[PDB]
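Trainee: Residues per chain, in single letters:
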Amino acid sequence: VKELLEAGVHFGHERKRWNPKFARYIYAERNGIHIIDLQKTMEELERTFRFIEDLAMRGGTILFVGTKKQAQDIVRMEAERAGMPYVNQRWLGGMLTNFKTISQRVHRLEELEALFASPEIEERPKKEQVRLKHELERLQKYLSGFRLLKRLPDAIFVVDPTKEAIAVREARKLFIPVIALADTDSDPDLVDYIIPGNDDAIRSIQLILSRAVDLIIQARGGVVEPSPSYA
Amino acid sequence: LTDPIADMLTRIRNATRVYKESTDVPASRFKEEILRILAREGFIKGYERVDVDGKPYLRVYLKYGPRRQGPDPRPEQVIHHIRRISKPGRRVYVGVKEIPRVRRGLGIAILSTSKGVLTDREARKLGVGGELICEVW
Amino acid sequence: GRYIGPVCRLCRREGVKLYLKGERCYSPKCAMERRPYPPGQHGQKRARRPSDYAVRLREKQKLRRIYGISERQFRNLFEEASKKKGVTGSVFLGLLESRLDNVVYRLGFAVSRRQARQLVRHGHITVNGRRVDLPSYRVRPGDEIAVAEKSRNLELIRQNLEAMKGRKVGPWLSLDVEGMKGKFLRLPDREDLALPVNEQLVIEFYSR
Amino acid sequence: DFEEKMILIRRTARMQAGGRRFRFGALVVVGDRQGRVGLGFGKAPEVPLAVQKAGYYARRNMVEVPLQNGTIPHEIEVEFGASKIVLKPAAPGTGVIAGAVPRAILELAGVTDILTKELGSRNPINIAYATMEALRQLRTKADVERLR
RNA sequence: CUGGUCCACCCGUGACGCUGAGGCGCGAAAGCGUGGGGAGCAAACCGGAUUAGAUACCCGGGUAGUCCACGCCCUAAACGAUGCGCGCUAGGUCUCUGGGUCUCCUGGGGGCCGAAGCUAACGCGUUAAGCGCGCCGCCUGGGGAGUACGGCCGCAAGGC
RNA sequence: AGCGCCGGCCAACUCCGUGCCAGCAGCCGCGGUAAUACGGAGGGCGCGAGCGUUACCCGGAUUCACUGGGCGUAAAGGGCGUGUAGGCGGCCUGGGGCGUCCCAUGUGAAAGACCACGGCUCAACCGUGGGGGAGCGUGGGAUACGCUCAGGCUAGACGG
Ligand code: SF4
Ligand SMILES: [Mg+2]
Ligand SMILES: [Mg+2]
Ligand SMILES: [Mg+2]
Ligand SMILES: [Mg+2]
Ligand SMILES: [Mg+2]
Ligand SMILES: [Mg+2]
Ligand SMILES: [Mg+2]
Ligand SMILES: [Mg+2]
Ligand SMILES: [Mg+2]
Ligand SMILES: [Mg+2]
Ligand SMILES: [Mg+2]
Ligand SMILES: [Mg+2]
Ligand SMILES: [Mg+2]
Ligand SMILES: [Mg+2]
Ligand SMILES: [Mg+2]
Ligand SMILES: [Mg+2]
Ligand SMILES: [Mg+2]
Ligand SMILES: [Mg+2]
Ligand SMILES: [Mg+2]
Ligand SMILES: [Mg+2]
Ligand SMILES: [Mg+2]
Ligand SMILES: [Mg+2]
Ligand SMILES: [Mg+2]
Ligand SMILES: [Mg+2]
Ligand SMILES: [Mg+2]
Ligand SMILES: [Mg+2]
Ligand SMILES: [Mg+2]
Ligand SMILES: [Mg+2]
Ligand SMILES: [Mg+2]
Ligand SMILES: [Mg+2]
Ligand SMILES: [Mg+2]
Ligand SMILES: [Mg+2]
Ligand SMILES: [Mg+2]
Ligand SMILES: [Mg+2]
Ligand SMILES: [Mg+2]
Ligand SMILES: [Mg+2]
Ligand SMILES: [Mg+2]
Ligand SMILES: [Mg+2]
Ligand SMILES: [Mg+2]
Ligand SMILES: [Mg+2]
Ligand SMILES: [Mg+2]
Ligand SMILES: [Mg+2]
Ligand SMILES: [Mg+2]
Ligand SMILES: [Mg+2]
Ligand SMILES: [Mg+2]
Ligand SMILES: [Mg+2]
Ligand SMILES: [Mg+2]
Ligand SMILES: [Mg+2]
Ligand SMILES: [Mg+2]
Ligand SMILES: [Mg+2]
Ligand SMILES: [Mg+2]
Ligand SMILES: [Mg+2]
Ligand SMILES: [Mg+2]
Ligand SMILES: [Mg+2]
Ligand SMILES: [Mg+2]
Ligand SMILES: [Mg+2]
Ligand SMILES: [Mg+2]
Ligand SMILES: [Mg+2]
Ligand SMILES: [Mg+2]
Ligand SMILES: [Mg+2]
Ligand SMILES: [Mg+2]
Ligand SMILES: [Mg+2]
Ligand SMILES: [Mg+2]
Ligand SMILES: [Mg+2]
Ligand SMILES: [Mg+2]
Ligand SMILES: [Mg+2]
Ligand SMILES: [Mg+2]
Ligand SMILES: [Mg+2]
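Residue numbers (the deposited numbering), protein chains in the order written: chain 1b, 7 to 237; chain 1h, 2 to 138; chain 1d, 2 to 209; chain 1e, 5 to 152.
Any given hint could be a false lead.
[Claimed, not checked] Derived EDC-like pairs: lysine to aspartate or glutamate, alpha-carbon spacing no greater than 20 Å straight-line: (1) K145 (chain 1e) x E42 (chain 1h); (2) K169 (chain 1b) x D73 (chain 1h); (3) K9 (chain 1e) x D53 (chain 1d).
[What the hints assert, rightly or not] Stretch-level coverage of chain 1e by chain 1h, calculated; a stretch enters the list once three of its residues show a Cβ under 8 Å from a Cβ in chain 1h: (4) 12–26; (5) 138–152.
[To be verified] If you want the ones that stay clear, here's a sample from chain 1e, every Cβ over 12 Å from chain 1d, calculated: (6) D5; (7) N65; (8) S125.
In case anyone wonders, no lab produced these hints; they're calculated from the structure.
No residue lacks a Cβ here, since even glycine has one placed at the ideal position from N, Cα and C.
Input sequences plus hints: build the corresponding full structure.
Mentor: Quick look at the structure:
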């Protein structure tokens, strides 16, 4: 499922803005840029993909977490492929530790999923009506993938654990496996199942994400091949 | 430097709090006889006599507990506490009858005796007292 | 001397029957059946949360008022139990039950500890064959506590031992009715009594 | 189920234009009398909610505290900033020797016999936290040789 | 004319070290003694305003003194309110000054932000207020009072 | 059969009287016309031939901190150097055996204390037995560390 010629997308970056705790996954500092060693990645993917495949094999649920620009749309696709919950735009504080309370915003969502599912009564003030069509969109803008998350997840798969320290901190507090792909600017000790590598190259973000999702399909029966590897 | 022994107890203390794999100690015979105790008792994986920038040192190989769950995954320490007792400013000598038990036996006490460097349990076995070098648990 | 005052207000304050009268304590006339609230003006006012010093003081007055013993002796006997070997709670109880006047009561020669004390102070009780008129005399394993010869022909211990024929005295004790003598076999264990007291709180009281 | 004890209730105050407006703080330990204890601090605008809120958090902050015939396995000292608790194991016939705050914690953990002593700031809250962290660091022979 | 200090080479001595009660020296300003100097400035002081007052702030004047030489005084928010020495415990950024193979690597300083850890908190953090050892100084409720008595010092003020 | 106490600490509360008065008070504090805090009364709590008070010692007081504290801003770094005495001191080999550790032995009176048993009816009181030390004298032994003496080293320190 893995590769060895994945070294043709990323092998690391981020020039001397590093976290010293990451040095045990760094091979050399060449063009001003810290270069990640992938023999450290290959062993680690063996751990992570051992965890991911074994997790879906028993009915798990991985909350995929991506927020930044270079990983915005790709995390939407890959989580929808495996039918997995994603958080796309903003990570709402408490989403995990205050789950039974933010989930109270998807019930309001399903409400406007029924209301604007013709008709209940649309014959109630259009102002009072189009008031809601904006509240509808907003809920979809932030709860589009979290809605399928009906219960506190079994693990989370984040794109950037520094950029997403809030989500990590909550999951760590709930004894939730924190699995993540991370480059030279993050804390290995905070990640339960690590994937050392670039998290800014879309050419690399999609790679370790798209063919990680592929592994999730084969663990819940049957395979599919093509996912969006847009150029 | 004024107390080579307290320096080594402290080099290790500082090394275990940042979870270093190893830490070098300036080499001496009395320090071997103390690291001899620490390894056999499980507190360290052991040591080897090495050479740093031409000078004899002692690479001490440390040890830690399992990775823990929750916030702060950092593992519990195997050496929780390693404390100088007898100091150049105040020597501490106990006869055999007043050798302390460290943490109700779940810890050790290293002493220097005319029969060599022993643990507290080793001292009463040989029936001798000595100079309380340190307590460890 | 000992407390020679009203006795039902004692149980009423402690909130549990302290069988300190004998007959009356098993009739509907027992004042703990009728009014089970503290004596005096404010008994029927609803109680507040007592302090933990109150909880321990109350457990320690209960234990002391059971044996009708002065605080001086009750504390004296506590301190012997304390400095003794190990388990203080058991020893304080055992040394308390070792008192002669108490043993007279447990044997059934008397219906109440107050009466038991008087049976001794008036000489009607002997220990191993000698008049021993001391309420605080320490009975030990082996002794034979009896009724004096010039006493065995007296209404009170005759009637008292009668109803004792119907009673089964504590295991650590022995009783030969009609001979009017008993034996102290061994000082009681912990569970030999179900005294309405948590003696661990009494230790807690004096450790302050 | 578990058993609760209210160590501390107290009234605090904030100010605004108009005068002082009060809050209530509840410091409650909950135990199993057989090795489970928890400590919780619950603050609310009225006394019952806080007393009930603290018992909630308590049930979600428990410690193993491994007894040994009613006593702790080894002597321990913990500082929680200026507050300091000392705990020493003690034989059977001795009792629980502690002030009210650590007593409520040890007695709800099933500790029947121990010697304690508070030092420095005997501030109940910080003493309570320091007592919990002391129990949290209790080790057994099977705990330590497994580590070594 | 003279001190300190850093760096390169790794050439010499072979533990010759660290701290340091006493001692001794240095010690901002102001002040003191004897001469000298005196533009500006300016305690005191005089005047003009302001004000209920205005022994002030504001204005116009102005003597010590501020300056020099020598001899005293020895105080301070004399502060980083942080004693000295040594070893150990992530890094990022800016700067001064050395050395190299001149990306940078490496020393010795000066700042900022921060790991672990410390702290009552504020904050400290390889320039520790972290982890350790040595030695010294010092604290032990506020006011009385840094006063009194005594002693030592000083020309005095006054200092210890 | 009495004495103290019933606002919190701290165990025990109501009515009257008083109205910043009279008074209470170990500390925090009570009394200004509805006082569980003053005075009496009822009731209640604690002890009991006692109960209270004053004085003083130890404790709580890790508040002189050996066990077992501190000094940026809470009280606390000497204004700074230099240096006497003194405290303290790197790596390696050995000689001694001062410290230190061990073994043996002498001393450590009786009484007291503690444990067992017994005599005064119990107890207090008292008899009989048992068990110990530390410290010092002496004899034997150990030599890791501290000490000393001797020899070697170069990592500290100093010099070119
Ligand atoms: S009659 Fe009832 S209330 Fe009175 S002393 Fe006996 S048990 Fe107690
Ligand atoms: Mg990034
Ligand atoms: Mg000795
Ligand atoms: Mg009667
Ligand atoms: Mg006591
Ligand atoms: Mg006491
Ligand atoms: Mg355990
Ligand atoms: Mg502290
Ligand atoms: Mg505190
Ligand atoms: Mg205090
Ligand atoms: Mg206080
Ligand atoms: Mg050389
Ligand atoms: Mg040479
Ligand atoms: Mg001067
Ligand atoms: Mg001047
Ligand atoms: Mg002059
Ligand atoms: Mg002039
Ligand atoms: Mg004028
Ligand atoms: Mg004027
Ligand atoms: Mg005017
Ligand atoms: Mg005028
Ligand atoms: Mg002027
Ligand atoms: Mg002028
Ligand atoms: Mg002029
Ligand atoms: Mg300055
Ligand atoms: Mg100062
Ligand atoms: Mg100094
Ligand atoms: Mg400088
Ligand atoms: Mg620098
Ligand atoms: Mg931190
Ligand atoms: Mg400290
Ligand atoms: Mg802060
Ligand atoms: Mg800051
Ligand atoms: Mg900082
Ligand atoms: Mg730095
Ligand atoms: Mg002073
Ligand atoms: Mg003073
Ligand atoms: Mg002065
Ligand atoms: Mg003076
Ligand atoms: Mg004078
Ligand atoms: Mg001074
Ligand atoms: Mg009283
Ligand atoms: Mg009292
Ligand atoms: Mg009360
Ligand atoms: Mg007094
Ligand atoms: Mg009136
Ligand atoms: Mg009023
Ligand atoms: Mg009135
Ligand atoms: Mg009063
Ligand atoms: Mg009073
Ligand atoms: Mg009154
Ligand atoms: Mg009497
Ligand atoms: Mg005192
Ligand atoms: Mg006490
Ligand atoms: Mg003291
Ligand atoms: Mg004092
Ligand atoms: Mg100390
Ligand atoms: Mg202090
Ligand atoms: Mg100050
Ligand atoms: Mg200074
Ligand atoms: Mg001075
Ligand atoms: Mg010297
Ligand atoms: Mg020396
Ligand atoms: Mg030495
Ligand atoms: Mg000797
Ligand atoms: Mg003796
Ligand atoms: Mg004697
Ligand atoms: Mg005797
Ligand atoms: Mg004797």
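Trainee: It remains to establish, for every hint, whether it holds in the given structure.
Mentor: Quick rundown of the hints versus the structure:
1. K145 (chain 1e) x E42 (chain 1h): The given pair, whose Cα atoms are some 13 Å apart, holds under the 20 Å limit.
2. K169 (chain 1b) x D73 (chain 1h): Answer holds: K169 (chain 1b) to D73 (chain 1h) is near 19 Å, not above 20 Å.
3. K9 (chain 1e) x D53 (chain 1d): holds (12 Å)
4. 12–26: Answer violated; 0 residues pass the 8 Å Cβ test.
5. 138–152: Coverage by chain 1h holds for the region 138–152 of chain 1e (7 residues, Cβ < 8 Å).
6. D5: holds (22 Å)
7. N65: holds (24 Å)
8. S125: Correct as stated: the minimum Cβ-Cβ distance to chain 1d is 21 Å, above 12 Å.
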